Structure formats: C-alpha cells, structure tokens
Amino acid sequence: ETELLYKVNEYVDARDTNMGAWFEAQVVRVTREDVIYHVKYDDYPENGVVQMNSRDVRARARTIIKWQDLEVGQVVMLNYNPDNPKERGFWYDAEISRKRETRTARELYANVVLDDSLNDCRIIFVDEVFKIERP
C-alpha cells in the first residue's frame, strides 16, 4: 500500500492534532495530498508510529525571520505557552497581528492557531520566529 511529497526517512515537522503544536518527526512510511504519512517523533518514542494527514506534516523549520523583517499578517511558527503566556511553551503557527516598538520594548501580538485560533496573544520569544517552509 506504499505510495512513494515528503519521501520515506526524510525528517519533518508533524502537527500534534490534539494540541496544535509542531514537533520534529521522521517519515517511516508513506501510504495512499490525500497522502497519509507514517511518522515517528524524534524526542517521543513513547508515541509509537503515528498516521498523519498530509496537511499536518511539512518540511522542518530552518529559517528565522528577524524582528525587523516581521510584518503584520504573516503566518509564522513561533514559541508560545497557552496555559501561561509568560513562559516557554511549544511551536504553534500564528498570524502576526500587531507589532510595536519602543526605545526599550519590542511588542509582538499574534493570532495563534490551536481547528480554533487564539487571538491577540503577547508573544515573548520575538527573536525565535520561524518561516513556514512552503513546497
């Protein structure tokens, strides 16, 4: 039932559909864009092999968008913590909503995708925002 966009053994990012965050994973098998990916998590072997929808897997993030180049309306991958926004959390997709700079302060607001989205979030890790790799 093998199908041969991301090839078997290629490293990817996989979206935990339960919480909406992206995690480093690897493609173990590809089955039959309406393709179903078989994936293992790099840091979570207790997860076993998980079947993934083709939209829930993409090329691993590699490019940081610097604070200067961040613009309102971009969809990016960034670090946020829904339960306590002041702390480090997980890599969610987000729409840059508001961007403000002061002499001493850099302020970033984003609509975080959790599907349901979480509007007007104060993003702490403003220097660690990723470009989402498109095919």
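Residues that one form lacks are left out of the comparison. What we label the rigid core is the largest C-alpha set whose atoms superpose within 1.5 Å from one form to the other. Residue numbers count along the first chain shown, from 1. What changes on going to the form solved in complex with ligand RVV:
- Taken over residues common to both forms, the rigid core alignment between these two forms yields 1-4 as the one run of three or more consecutive residues whose Cα atoms shift by 2 Å or more.
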Given for the second form:
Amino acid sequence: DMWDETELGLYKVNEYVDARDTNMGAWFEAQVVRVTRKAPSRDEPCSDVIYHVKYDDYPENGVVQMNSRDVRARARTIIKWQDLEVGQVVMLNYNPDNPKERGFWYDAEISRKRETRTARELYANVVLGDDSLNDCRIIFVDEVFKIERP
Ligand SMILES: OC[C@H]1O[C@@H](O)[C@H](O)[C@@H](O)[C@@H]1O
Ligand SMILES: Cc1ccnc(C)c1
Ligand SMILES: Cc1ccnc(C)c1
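Same protein, different form: I have the form solved without ligand RVV, so give me the form solved in complex with ligand RVV.
Time for the whole complex; same chain goes first.
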C-alpha cells in the first residue's frame, strides 16, 4: 500500500516543480498533488518518496507517479554563453528528431564548448541517463539553464 508522507518530501502538495516524463525524458512543469512512501513493516519504524504530479500543460495525462530523481524545483537561471564549459550538467533545449529545430528541455552534459570567428559551438550529451544522445550539436546556446538542486 502507498502511505501519504508529509516529512520526507523535498517538495510538497500543491507546489509546482519540473517533472521528467517517463516516456521521452524531457522536463515539463507540473504540480505535486500527493507524496507517498511504501508502507513500513509492522515491526519496523518509519525511520525514498514517490511524487504524484499533474502536468500543467498535459492535464489529460492525469496524475502520474514520479521517482524522486525525476522531480525538481523549476528551472530559473540561465548560464550565459560566456560561463558555459565542458562537463557542466545543465538543462537545455534540443529536438532529437529534427535537431536543427526547437524541441524539449533535457538534462545534458556539455561535451564541446568553443567560439570561433564563424560560430559558437556547443555540443552536449543529451537526454542524460539510459541511452543518452552523445555529442549533439546544440542550437539554443543562449538558453541553457542551471539545474536547481535544493
Ligand atoms: O503513473 C501512472 C500513470 O503513468 C502514465 O504514463 C500513464 O499514461 C497513465 O495511464 C498512468 O496512470
Ligand atoms: C508534448 C509532451 C510530450 C511528452 N510528455 C509530455 C508530458 C508532453
Ligand atoms: C524553459 C523552462 C523553464 C523551466 N522549466 C522547464 C521545464 C523549461
């Protein structure tokens, strides 16, 4: 059984978060509607939460259960071009199917960062996690966000 949990969650009921969609790996704004933990044993004291969220722009998907690694405070600060560097882990916009076009917001690890006379080159390992897309050219180099880690 799922038990409602009021203490362990970093995020609380009614709070808005970014949540990572289980099917395609991008982050979307969502509201936390419930926070739960697995029931403890009868003979064990209470002392990792499951968040239950509803996406702001996709209410038709209903309430969805999220691992704690797939919920975080809403992105709010851009890392400007001058401050980006290889090895940073960031949230950026990429379209895996049409890479020249606007897409969705994914975690990424910067793999190349160079400015030449001709171009500002930013490459990153995108959809970081299982089957990440390695060394992708990033178009939207002025819209790279810091990941919030409260
Ligand atoms: O977390 C549960 C939810 O996961 C979603 O991916 C499914 O589309 C829903 O049918 C389901 O209720
Ligand atoms: C457009 C889109 C795609 C995948 N997941 C969500 C929540 C929205
Ligand atoms: C642009 C943006 C800002 C904050 N969160 C997300 C998912 C996207």
